[PDB]
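A single chain comes next, written as structure tokens; it is the form solved without (1S,2S)-2-methylcyclohexanol.
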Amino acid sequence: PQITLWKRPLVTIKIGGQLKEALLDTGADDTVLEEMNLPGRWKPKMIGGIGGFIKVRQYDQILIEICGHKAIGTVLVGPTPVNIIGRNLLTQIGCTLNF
């Protein structure tokens, strides 16, 4: 699809069964979701941005569907104000910025 930027680019994703809303975020290195359980082992990580840092749990090799496009990669879980799809998964669905 082509998504204009008049409003926040929110999309439906599917992860670990659950359907969630998430923001397509070209400024994010990583994908970060609100607290949830995911399968497999995890390790702690600190991520930063506006406002400073938060501690998150890092899960690798997680499968996600973004607008029906399957993508696999690392997903971070923690106290993010909003679900964010970052570049690590945006690349997998062939997402580009165009102007």
Second form
Number of protein chains: 2
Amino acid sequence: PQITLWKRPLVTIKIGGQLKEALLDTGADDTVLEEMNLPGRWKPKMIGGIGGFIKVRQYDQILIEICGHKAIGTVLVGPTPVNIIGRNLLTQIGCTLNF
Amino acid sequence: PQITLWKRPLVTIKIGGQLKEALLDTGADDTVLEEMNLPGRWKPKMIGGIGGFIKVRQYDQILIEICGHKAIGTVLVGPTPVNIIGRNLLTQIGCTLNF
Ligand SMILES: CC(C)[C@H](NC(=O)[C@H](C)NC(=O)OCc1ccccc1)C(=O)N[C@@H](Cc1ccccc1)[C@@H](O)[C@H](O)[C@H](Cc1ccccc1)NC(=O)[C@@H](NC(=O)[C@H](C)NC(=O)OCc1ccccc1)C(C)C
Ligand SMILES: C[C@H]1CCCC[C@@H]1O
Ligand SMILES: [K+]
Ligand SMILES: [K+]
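Next, give the form deposited with (1S,2S)-2-methylcyclohexanol bound, keeping in mind that what was shown is the form solved without (1S,2S)-2-methylcyclohexanol.
The complete assembly is shown below, putting the previous chain first.
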């Protein structure tokens, strides 16, 4: 699909059974979701942005569906106000910027 | 151009005759540049990111060139760690996400 940028690029995702809304974010290195439980072990990580840093939990090899496109990669979980799909998963679904 | 996302989408921009590196960022409503000097009057704005909120200076009707594409619009200036080209300007240059 082609997604214009007049409004926030919000899409439906599926992860761990649940359907969520997330932002397709070319300015995020990593994918960060609001608090939830995921399978497997985790390790702490600090991530930074506008306003400073937050502590998140890192889960690896997580399956995700983004607009019906499946992908696998690292997912971070923590106190983010918005679900963020970062470049680590954007590449897997074949997402590019075009102008 | 078509920009893939294996690396950060960092491009050259030009503002006030100066070249800078900036991040093409679909997860940013607004364009926010690192501390610098612009002409004209500014008004206050607060913007939130992953780590909390920052205070920035809002300048309107600013000339900025993004990868050779001219845009004229709102530019915020403040304590961002990176120059960010947000949706307000991505739309002007005709940028879309595609997969
Ligand atoms: C999501 C993170 C993994 C991502 N960071 C990174 O990729 C990494 C690894 N960090 C990294 O390189 O950090 C360098 C650094 C160094 C020192 C200090 C701080 C940071 C990130 O924050 N990326 C942002 C850009 C950026 C990149 C590097 C460094 C600094 C900023 C945007 O792409 C991005 O998408 C965020 C996501 C977001 C959206 C909405 C809310 C919160 C977060 N949007 C933004 O930060 C923009 N905000 C917005 O568009 C607005 C208006 N926010 C908003 O709605 O705020 C609601 C809010 C409510 C309550 C609390 C906080 C916010 C901002 C650039 C203009
Ligand atoms: C298995 C888990 C990962 C994404 C697709 C469906 C589900 O929620
Ligand atoms: K386009
Ligand atoms: K594509």
